[PDB]
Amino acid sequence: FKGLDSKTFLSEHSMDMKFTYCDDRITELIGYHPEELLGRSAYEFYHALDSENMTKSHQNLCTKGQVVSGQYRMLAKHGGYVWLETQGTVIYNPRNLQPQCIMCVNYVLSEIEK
């Protein structure tokens, strides 16, 4: 059993979902070091069966500014997947509503399953 803080990790993305930042809480959860995620798209890590849903989610996030994903599976570093949900929020320029980045709060819902 793990406490709530340990099961959340923050990430930042460019508008195409490439990682620009990840907090170190991800490592104990699913193995990655933050530095190795940078520049990779979140889409590389989504389960095949969640890919179309997560594309729709991302479109909704860009249209609306803030979304909660459905439950989805994220590929772990050493195999298997963990169930996640992610709240996404677009950060803008107020001046001109130009999007700047996506801030994600990711919370696990399972152990690694394989």
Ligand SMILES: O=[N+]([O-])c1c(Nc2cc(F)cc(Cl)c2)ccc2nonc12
Contents of the next structure:
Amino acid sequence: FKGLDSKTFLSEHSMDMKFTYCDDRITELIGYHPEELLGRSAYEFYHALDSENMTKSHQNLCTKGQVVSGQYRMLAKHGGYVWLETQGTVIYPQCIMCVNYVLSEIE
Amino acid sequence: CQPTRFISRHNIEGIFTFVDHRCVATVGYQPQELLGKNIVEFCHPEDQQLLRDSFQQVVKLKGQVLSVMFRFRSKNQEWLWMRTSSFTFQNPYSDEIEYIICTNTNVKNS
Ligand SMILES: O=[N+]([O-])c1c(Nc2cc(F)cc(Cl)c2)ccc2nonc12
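Now show the form deposited with the named molecule bound, given that the preceding structure was the form solved without the named molecule.
Everything in the complex follows now, all chains and molecules, and the chain you saw is the first one.
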């Protein structure tokens, strides 16, 4: 069992969804070092079955300025997927600020 | 040219509870020099009340972004214009107190 702070991590993205920053809490949760995510699009990490839904959420984020993503799976560093939900906010567009919270263990 | 910016997390009072290490390039301090201190301690006297009041209101705005411009004292004791975009977060599965997420960008006053 993990407390709330431990299951949450912040990320920043350019408008194309490429990571520009990720907080180190992701490492214990999903396996990645922040440095290895930088410059990679978030879209590289979504499960195939969430891809169309996340495209829609990204569209909603860009049109409205904020979004709650809905549940989706992020590819983990060493295989499998973690369920997450993300609150995204556009900073004005300059970048996207995400608060990400894990909903499952790696599966 | 990429704007110089860093992310911070604050409690509702204004205390830094997380600081992204891009702060060093933006304002010259290490994260440890900011953590535990109120953002207002780095704010120009003229802007301090505005900053306090911004932090007080952002928690009432249902998670929308509130922006504020203020002068931030760099590690070299010089006033840098910052545009801080802030919003509240609380994990919806909980009733933990909201905290404030900030993106802090050095901008021009021109
Ligand atoms: O960056 N976004 O704009 C964005 C997301 N970012 C994100 C953050 C992560 F930590 C991991 C992943 Cl795979 C995506 C995740 C879900 C989203 N839904 O709409 N935009 C989203």
